[PDB]
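Take a look at this single chain in structure tokens; it is the form deposited without the named molecule.
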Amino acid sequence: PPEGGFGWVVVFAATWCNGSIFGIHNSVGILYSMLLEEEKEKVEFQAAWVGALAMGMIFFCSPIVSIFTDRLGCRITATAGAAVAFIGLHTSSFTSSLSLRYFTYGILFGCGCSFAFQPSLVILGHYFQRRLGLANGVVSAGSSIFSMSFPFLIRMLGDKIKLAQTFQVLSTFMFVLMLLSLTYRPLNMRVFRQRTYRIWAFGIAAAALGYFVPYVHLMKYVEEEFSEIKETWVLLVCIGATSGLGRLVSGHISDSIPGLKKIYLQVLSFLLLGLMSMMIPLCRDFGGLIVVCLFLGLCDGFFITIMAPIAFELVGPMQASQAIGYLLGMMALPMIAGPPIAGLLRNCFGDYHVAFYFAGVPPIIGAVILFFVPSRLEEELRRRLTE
């Protein structure tokens, strides 16, 4: 491939796509939570369910999306999905009857994001081979910037318009993504038979259970009997900025580690993520707690950004789409079941110091799993046993 030149506009499209998708998926939930803080709940336990249904629909639909990207092209899918998402976000403006809004926001939106998101990762590989880590790092950092700036963006520019009407504004971003999707240009379970890939997929899936809880459920602890001077917004924005920096750095470092050896980064990040969370209840000293949270933000980059390059390395470019699709398919149920499990474990034990103790087992187990991923040379050695 060109490995440069024109390939720097595709990064712009991918950054825009990821930023818009996740910015909407977080801002809509946050804004409805604010509205519920301002308005009555009359449905109550289902209204908060939307923010999880729509998110989970993205990952739970990827397995089928991978048979449209690989069967039509990285452009047509990435534009039709954006069009569907635009239509979904447009009709949501009407009266918010439970079932009607439920459908219009969980089956039109979210489902369209699944079509408009998986192609945003495949195409980059088709433009970078030796620098792909750098491109992925840049894209992840830009998407983090976009997400962290989006809810504030719509809030400030929203002009304090009512939620039902403000759904129309978000519709424009999907249309722009549809137009920007024009920039993309092309330059079954068979994949599971590769043991070296299936074991890695299992290792990633196991650590999902312990990734969402500490990364999202964190503020409850400082809201629960510990914090006296909270200013937690500072903590959250610090974690976001450090996650951006970590993603940017991890993108480049993978450029250095040759070939399959990259996976050792994932092991060293999973182990430290697991250990750190276990130290959050113990390192109560607010300065130390802030430092540990800062570390948590940095550890994020190695977790997510470096997954796509390793996926390309393991199976090459011709099967990157299917492998990534079936990897994202397995992270839906483990990821979406974590927060409820922690929030009911706090009830089982009655104090909110144990959720974190549960938050460190899944990722350490996953790290133990990844450490045994066979080397290509060793896998060949076993292959030499065929005779």
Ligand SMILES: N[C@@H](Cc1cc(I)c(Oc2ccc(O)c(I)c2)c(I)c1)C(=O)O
Second form
2 protein chains.
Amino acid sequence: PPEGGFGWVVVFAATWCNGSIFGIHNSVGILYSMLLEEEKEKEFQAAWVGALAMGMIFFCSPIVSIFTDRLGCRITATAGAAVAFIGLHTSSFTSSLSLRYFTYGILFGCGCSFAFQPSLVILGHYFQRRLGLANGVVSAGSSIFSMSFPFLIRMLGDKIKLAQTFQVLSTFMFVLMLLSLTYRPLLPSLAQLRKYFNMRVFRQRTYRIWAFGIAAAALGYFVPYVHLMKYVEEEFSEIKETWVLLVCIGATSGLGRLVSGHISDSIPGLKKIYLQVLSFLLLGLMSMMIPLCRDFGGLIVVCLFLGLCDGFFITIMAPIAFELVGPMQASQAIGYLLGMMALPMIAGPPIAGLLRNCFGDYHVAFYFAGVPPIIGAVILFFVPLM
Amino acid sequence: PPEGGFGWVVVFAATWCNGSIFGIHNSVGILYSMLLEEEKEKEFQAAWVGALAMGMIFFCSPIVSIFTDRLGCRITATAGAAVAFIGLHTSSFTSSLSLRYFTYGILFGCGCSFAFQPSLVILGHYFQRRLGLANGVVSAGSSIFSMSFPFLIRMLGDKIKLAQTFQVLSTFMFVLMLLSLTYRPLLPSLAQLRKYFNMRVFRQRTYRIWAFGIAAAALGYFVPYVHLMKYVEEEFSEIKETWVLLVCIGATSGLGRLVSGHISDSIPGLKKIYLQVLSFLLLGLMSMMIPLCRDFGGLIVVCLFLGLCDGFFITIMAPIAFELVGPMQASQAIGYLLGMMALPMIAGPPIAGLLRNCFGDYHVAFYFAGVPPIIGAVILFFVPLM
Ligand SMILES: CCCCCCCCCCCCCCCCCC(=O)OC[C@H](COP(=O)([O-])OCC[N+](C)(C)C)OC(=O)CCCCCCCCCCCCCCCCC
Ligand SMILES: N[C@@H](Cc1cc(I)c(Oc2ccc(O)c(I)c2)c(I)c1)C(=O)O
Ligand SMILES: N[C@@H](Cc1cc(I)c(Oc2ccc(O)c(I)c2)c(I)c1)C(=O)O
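Right, the form deposited without the named molecule is done, so what does the form deposited with the named molecule bound look like?
All chains and molecules follow, beginning with the one already shown.
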């Protein structure tokens, strides 16, 4: 492992992936608004496709792993980038409703998953000892890029039209393909289903319990951002532009990603899991103490803490997987962990909204968002004892 | 050399290049017409950029060769395809006059040259004994694809608009990039200018005289198609749709490409050059006997012969270069031959038009188009004597 050098170049490519994928998805809602402007001059489906894209990313990793194991990081990443580019291109072309849904959701999500998992796998390939620092740098850069995307996307959208926006996103995907072409391998590479789906990583019950804890904790991850924005917009009004929450969340999340990437490098072994546990607990608390402040003063601090803990957890995830299962079978571990997190991630916000509708208040929604992090914290705390 | 097998796959990729490049250029005029439709609702520059693109292709081969020698066929071809894709993309975006000229001409032509020369070089890499057959197949397929392009291009253009057309051409270029990624190498790979521009191939005076003859002959290549169409449209009117000439030219050119690719495989050595000489002479005659028939009956036959000879010469070119200079330095020979042909090719049609304007009749234009082929025939006839 070079521990740097050309690895840094790979890191750049890795960044250009998270950033792009996740930024083109954080902007999905904006696109729909533009579609509404084009819906006239001649139903509630935006959320369905918006969640379908990310859900497809997560659901298709259990398989992207099969490939990256067999084919390799470069081939899988390039194929995913190509599929994403074609999805965006065909979305630009077609002017319809069902075909747009199929194209965007299926093609873009599948390509995004294929281009996303090999990035983490190759990052592990190169450093293997400073993996914490590399993951922190990648997370911080990707966060900055993803935040930056909506501004330009909305300005272009207000400028001309939707198809041009899809063209711009497609060229972004093309540049991602070109960069992903740099994942130079550095490590050795009826019964067909039994060899493609060996599920050998699911032995070593420490990984099993770790994955269970992460999956349980992910059930309350996507609530306290979208629901927090909708709740501050609806309740806690009479405030000026309410942008402080978003900006502080982003800044502290980036700083926490960098800091956690750096510090995780120091802890010897499975003690790294403790870094998650702590953060997990905080997350839960930082949710349960969101609606207890009558003024925005407490909201600023709670949002700062929320973003810091989010960055901690996000950047910490992958190095722990590589330490747990080793480098040879880290791709399978990452893929199956993402697949397991797939369902709670999409099931969280819907449950929060359903509870809000049933009770009419966001209190229960935020409490139920905060509890699963604590449950996962307990499970992960028990993990390293063996 | 496999003499086939995976080489055939490469052949397919090779086809997808000529076809695309040359088809997107044969359609350039159509695009300008569409621009004229968009010029209203709010000068004579079409020919300048249309010729600039092809001229840039030819002018930049003397260098593309340097690269393909040093970097390799795959890297150079992929870079050229990427530059072409970005050129088409930015042409789709910008709505102006000077920026469109710069983008299309410079970017598209440079990318086209970069993606074009390595195709021939790799075709030589793989077969090396059936190179005649491979070149014939490539030429026939590329001719069919290039003649097919204008129909779809014009139908889409009449459908919606120009930017969508540029998007479609850009995705064509992207597919060309993906295919060009298959050029797997099979052969070993103040003073900086003296090593990058060694010009070692320009020894072995047989190659020198061959290149001189080809350059002289190319001076009268592009006249008897564009000027022939304009002359049949202007003079020889009262005829139904005048499509017989074009269709017969294309069909016989494809058939001749295939047949010459096959037969050239049989001639042992430098005797292959004779195949050019013969065809060259015919070309000249087939020009000088264009305006001597008062009815279209002779025109059909003369066009058939013209297309047959054109296919002969086009498909024959490269195998002779590989036989002459060998496989190691065939890339430099091809690149410098293309660079030398660059100037007469662009200087021919302008001289034909100038003579037509000065005299007012196409007779002198066609005579001067036919003579240079005969001069080149004489030179190439003298070539193999040594
Ligand atoms: C302003 C202008 C800017 C210009 C832009 C910049 C241009 C310069 C950059 C050019 C790029 C750099 C050159 C690239 C070099 C590439 C060579 C290389 O590195 O190796 C190639 C790489 C690896 O080659 P390799 O050489 O390294 O292989 C290593 C093995 N040894 C060591 C033996 C050589 O090739 C690949 O493996 C990539 C395969 C990816 C396959 C993708 C195809 C998937 C298709 C999916 C289907 C999509 C269709 C969807 C269907 C939809 C249906 C509706
Ligand atoms: N807030 C994020 C959303 C987001 C959150 C989580 I947990 C995700 O799963 C990860 C993340 C990092 C890893 O190293 C691994 I292994 C899995 C993903 I993929 C996305 C965003 O939208 O950018
Ligand atoms: N009629 C063609 C025009 C065209 C004619 C000639 I001569 C060209 O130079 C070649 C051709 C084949 C070779 O093997 C070599 I080496 C050089 C090119 I490039 C294009 C078309 O427009 O398709």
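We call the rigid core the largest set of C-alpha positions that still match within 1.5 Å between the two forms. Residue numbers count along the first chain shown, from 1.
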Superposing on the rigid core between the two forms, the only one of 320, 327, 28, 61 with a Cα displacement of 2 Å or more is 28
